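Modelling step: build the complete structure from the supplied sequences, incorporating the hints.
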Amino acid sequence: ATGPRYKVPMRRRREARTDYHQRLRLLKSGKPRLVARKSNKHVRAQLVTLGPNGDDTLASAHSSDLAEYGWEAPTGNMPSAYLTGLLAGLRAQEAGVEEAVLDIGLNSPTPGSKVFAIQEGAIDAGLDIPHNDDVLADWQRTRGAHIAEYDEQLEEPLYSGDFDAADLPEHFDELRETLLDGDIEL
Amino acid sequence: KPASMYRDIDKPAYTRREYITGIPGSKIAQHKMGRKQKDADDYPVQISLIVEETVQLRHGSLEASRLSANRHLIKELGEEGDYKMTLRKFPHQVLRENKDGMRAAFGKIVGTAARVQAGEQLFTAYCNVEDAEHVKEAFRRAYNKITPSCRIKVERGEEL
Amino acid sequence: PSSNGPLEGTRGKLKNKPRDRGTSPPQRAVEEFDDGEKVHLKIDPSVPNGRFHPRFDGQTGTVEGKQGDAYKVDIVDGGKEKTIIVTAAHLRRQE
Amino acid sequence: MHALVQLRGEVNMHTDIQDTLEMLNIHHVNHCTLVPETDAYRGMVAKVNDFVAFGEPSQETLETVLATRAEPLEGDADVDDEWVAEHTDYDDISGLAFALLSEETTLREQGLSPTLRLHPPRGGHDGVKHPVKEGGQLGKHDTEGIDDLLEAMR
Amino acid sequence: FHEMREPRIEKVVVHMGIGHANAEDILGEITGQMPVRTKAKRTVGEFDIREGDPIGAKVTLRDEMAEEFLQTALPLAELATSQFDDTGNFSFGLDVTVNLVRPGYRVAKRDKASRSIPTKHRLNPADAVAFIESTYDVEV
RNA sequence: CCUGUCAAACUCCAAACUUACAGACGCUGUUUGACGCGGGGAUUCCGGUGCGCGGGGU
RNA sequence: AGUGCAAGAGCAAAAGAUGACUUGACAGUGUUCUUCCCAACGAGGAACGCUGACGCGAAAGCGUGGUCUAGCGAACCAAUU
RNA sequence: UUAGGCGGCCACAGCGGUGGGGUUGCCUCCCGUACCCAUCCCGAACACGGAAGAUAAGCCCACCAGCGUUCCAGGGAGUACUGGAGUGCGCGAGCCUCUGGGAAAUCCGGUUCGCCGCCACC
Ligand SMILES: [Cl-]
Ligand SMILES: [Cl-]
Ligand SMILES: [Mg+2]
Ligand SMILES: [Mg+2]
Ligand SMILES: [Mg+2]
Ligand SMILES: [Mg+2]
Ligand SMILES: [Mg+2]
Ligand SMILES: [Mg+2]
Ligand SMILES: [Mg+2]
Ligand SMILES: [Mg+2]
Ligand code: NA
Ligand code: NA
Ligand code: NA
Ligand code: NA
Ligand code: NA
Ligand code: NA
Ligand SMILES: [Sr+2]
Ligand SMILES: [Sr+2]
Ligand SMILES: [Sr+2]
Ligand SMILES: [Sr+2]
Ligand SMILES: [Sr+2]
Ligand SMILES: [Sr+2]
Ligand SMILES: [Sr+2]
Ligand SMILES: [Sr+2]
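Chains as they are written, first to last, in the deposited numbering: chain N, 1 to 186; chain H, 4 to 102, 114 to 174; chain Q, 1 to 95; chain W, 1 to 154; chain D, 10 to 29, 35 to 107, 128 to 174.
Keep in mind that the hints are not guaranteed to be accurate.
To be verified - Here's a subset of chain Q near chain N, in silico, CB distances under 7 Å, partners left out:
1. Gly22
2. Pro26
3. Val30
To be verified - Examples of chain N residues lying across from chain Q (beta carbon under 8 Å, computed):
4. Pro4
5. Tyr20
6. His21
7. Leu24
8. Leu27
To be verified - Label pairs and their calculated CB-CB ranges:
9. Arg5/N to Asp99/D: 26 to 36 Å
10. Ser3/Q to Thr57/H: 29 to 39 Å
11. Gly3/N to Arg149/D: 18 to 28 Å
12. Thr15/W to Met116/H: 42 to 52 Å
Calculated from the structure, these hints are not laboratory results. Note that beta-carbon positions come from the ideal geometry of N, C-alpha and C, so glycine has one too.
Here it is, written out as structure tokens:
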């Protein structure tokens with residue numbers, strides 16, 4: 001910009017997307033990165049391996065294509081986050097992927113978060129990812145007990161779209177049951 | 004000291020003052036002579052003094068050939084004549100002299127010189143048409159105080 | 001010279017041009033080479049660890065196995081054989 | 001196909017240029033070799049420029065040279081049409097001379113020594129100090145210019 | 010277009026810098047939150063040589079606790095024209131500084147894919163004066 | 001803006017050239033065995049000069 | 001800018017600063033390069049491994065000292081385990 | 001890719017600026033703190049829960065070259081410098097002929113306002 005002396009950063013550092021310093025440490029393991037990226041409305045879960053011209057995705061999972069199985073509930077929450085992770089690891093079991101690491105990128109390592117719910121979900125799918133069981137959320141915040149004890153504090157409804165009144169975190173249980181089944185169209 | 008010791012270019016480029024200390028200042032006073040308020044383009048004539056041989060002229064030889072050269076233009080055209088003379092070279096090359115024996119041979123700092131390649135203009139004057147034969151004479155005196163044989167070249171002037 | 005250290009007279013080879021400054025890309029730093037493969041030896045000024053002796057910059061060796069994550073490269077220094085321990089960051093695939 | 005002929009001695013000439021000359025089958029002064037025009041062979045004759053004399057010969061001249069100066073790979077014998085006919089892959093001297101010029105086969109391939117050992121110039125050469133352009137004898141000659149030398153060196 | 014362009018109060022910063035402690039009490043009284051100490055850099059000869067030492071005290075007010083403070087803070091100072099920044103900010107004073135801004139300043143203060151706010155969407159000095167003039171006081 | 005010059009310990013530039021490896025051409029080796037390896041015996045560690053590049057010195 | 005100190009070199013969601021935690025400046029044993037271009041030579045040094053015990057982090061991972069190149073010493077003898 | 005995720009190359013991608021684009025779609029700004037987590041003070045951020053509105057941001061899409069960067073033409077220039085040879089010139093520093101290479105500056109004219117990979121997706 002100022003002259004030939006000026007150093008313009010790397011593209012995905014300029015864009016403030018990829019953190020190369022932390023990303024390097026992830027690649028040092030050899031195992032594929034379980035890319036866990038959040039969104040306001042949805043949540044994504046990718047399985048990425050390192051390639052010649054760029055990163056190869058072997059198994060993705062968006063919370064949009066979760067509705068395709070039996071979901072009418074919102075897509076950017078804790079019950080959804082586990083199930084997006086569970087789907088991802090299940091697809092990956094069929095791709096030959098035995099083990100993987102967790103990449104959160106620019107997402108913060110906060111105890112009991114959506115990324116740590118995606119990580120928990122993928123491990124439960126049969127994958128071997130390095131974790132720490134106590135940093136993960138307890139079976140209940142993963143189920144959706146915290147959202148139910150917020151809909152109990154009513155006066156005015158939580159959800160706008162015609163789904164239900166007091167909210168059903170049982171839909172979590174109803175999905176994990178049919179995802180552990182081998183018949184399911186992945 | 005005889006210029007025969009420093010006239011040739013054989014020593015490396017020794018100009019960095021952040022490494023060389025105790026350097027004697029320039030003997031030269033004015034690099035821009037005449038009427039320095041007027042432009043060089045306001046003049047029909049541009050006669051320069053061209054150096055034929057690749058030399059290394061000292062600040063003393065520069066001051067001396069600038070002095071008796073400009074002093075002819077102050078004599079013939081007056082103290083405020085219609086001219087402007089210029090010395091486009093600057094003394095950067097720092098000189099040495101070993102002054114014991116050959117033990118600790120790196121000499122102490124004595125003076126400064128300017129590296130002039132062959133074909134270059136040491137001096138360049140810009141005058142009027144009638145004052146031209148006075149400047150070709152200010153340069154005939156100026157080449158006698160420097161080391162090489164010289165060409166007096168007219169760069170602008172088909173008025174003959 | 002004035003000194004006999006490793007980084008003697010290495011201003012030019014161990015310094016990048018202003019545009020190639022900053023942190024280096026992880027793609028080459030995690031590159032996997034096989035045994036028998038040909039490599040080019042060039043030290044990356046951004047990367048400090050996993051280097052070799054500056055006297056070997058510009059060598060074209062042959063990989064003969066690895067030591068952890070770093071590579072063991074076989075060169076011929078004049079006439080004497082040498083087995084250089086170098087990380088991928090400081091290697092480049094030949095041809 | 002050019003005709004390289006060594007005109008300057010081995011003394012005082014570089015080891016890397018003396019080895020190139022030897023790689024081009026030339027070891028003594030006045031010794032000649034028939035060299036193809038490749039990229040590899042182009043850079044060899046250039047490094048040897050100042051100690052040699054070269055150019056493409058005429059079908060006429062090469063024939064006169066081969067007759068008087070060519071020898072077998074091993075042997076003292078004359079190389080005439082009858083010799084050529086029985087060892088080589090050609091009918092007469094001309095079919096060898098043509099194939100050599102068109103760059104199809106070499107002297108080695110035909111059982112002949114890669115060296116045409118010539119006699120010192122009759123009338124003397126033009127000078128081992130200056131090139132062809134300055135009226136000397138070193139470097140790339142004219143087709144007619146090289147013929148004068150090889151024929152003077154019968 | 011006007012709704013996603015009309016400004017609002019982001020952070021009201023109140024600061025009291027002494028250099029030699036007592037100023038923490040009167041801010042916990044007028045605002046409505048816990049205050050924080052301010053340290054400094056570089057050695058100064060006016061008995062301010064120490065680096066890691068409590069010199070000042072400040073507070074940042076977000077949302078409701080910002081507007082409720084300004085209802086009593088603005089009818090005190092005589093607002094001028096040459097008291098404004100190029101980005102559309104003012105400071106009056128005890129120091130009180132308000133950071134007014136457009137409905138999309140999360141883009142510059144977030145983590146994931148940050149970007150700076152363009153010169154075409156940045157708050158204008160004059161457009162900032164017009165916003166405050168519209169809520170209980172005068173300009174000039 | 002206009003205008004005048006520099007850099008062995010400066011660099012947005014930048015050769016010629018030098019250099020690692022590989023292919024090919026040449027050359028060399030497979031009874032003159034190269035390349036390599038092991039062993040025995042040395043002499044030698046006052047150098048000089050021409051050309052090219054130098055650093056010091058009138 | 002800073003990064004202890006010469007100079008050259010490295011460095012920015014860091015190798016810099018602040019905060020908290022921590023003591024890997026840990027034990028043992030090697031490959032390699034260097035010291036000594038090529039090309040034999042000690043001490044010292046550096047990169048890189050492995051076995052053991054720790055520190056930190058969610059995790060990859062990083063830590064065999066302070067970002068790299070100076071701060072070092074054979075035998076005998078003296079003390080110590 | 002009618003707005004997504006991960007990247008490789010790491011300014012041909014910078015800087016600056018014009019224009020256009022979103023009913024249950026995507027991405028956002030945006031709304032809100034019971035919880036998980038959070039600020040040495042602030043739900044600003046960080047984390048979490050959610051859609052009243054929104055295309056003005058960002059981002060995605062079309063375009064401008066004024067600055068910076070890449071490459072190409074022609075001009076400078078086969079000039080500066082140079083590998084090899086010379087009983088070629090100069091008192092000398094130095095120059096020159098022949099052979100093989102070959103710049104940088106700057107000027108005008110063009111190019112460049114990113115290319116490609118894996119995945120997901122009316
Ligand atoms: Cl994300
Ligand atoms: Cl090494
Ligand atoms: Mg150098
Ligand atoms: Mg014979
Ligand atoms: Mg005769
Ligand atoms: Mg003669
Ligand atoms: Mg003793
Ligand atoms: Mg003791
Ligand atoms: Mg628009
Ligand atoms: Mg002479
Ligand atoms: Na003495
Ligand atoms: Na770099
Ligand atoms: Na404090
Ligand atoms: Na000797
Ligand atoms: Na040692
Ligand atoms: Na917009
Ligand atoms: Sr000299
Ligand atoms: Sr003279
Ligand atoms: Sr050299
Ligand atoms: Sr270190
Ligand atoms: Sr809010
Ligand atoms: Sr003489
Ligand atoms: Sr003389
Ligand atoms: Sr050419």
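What hints, given by number in increasing order, does this structure fail?
The structure breaks only hint 12.
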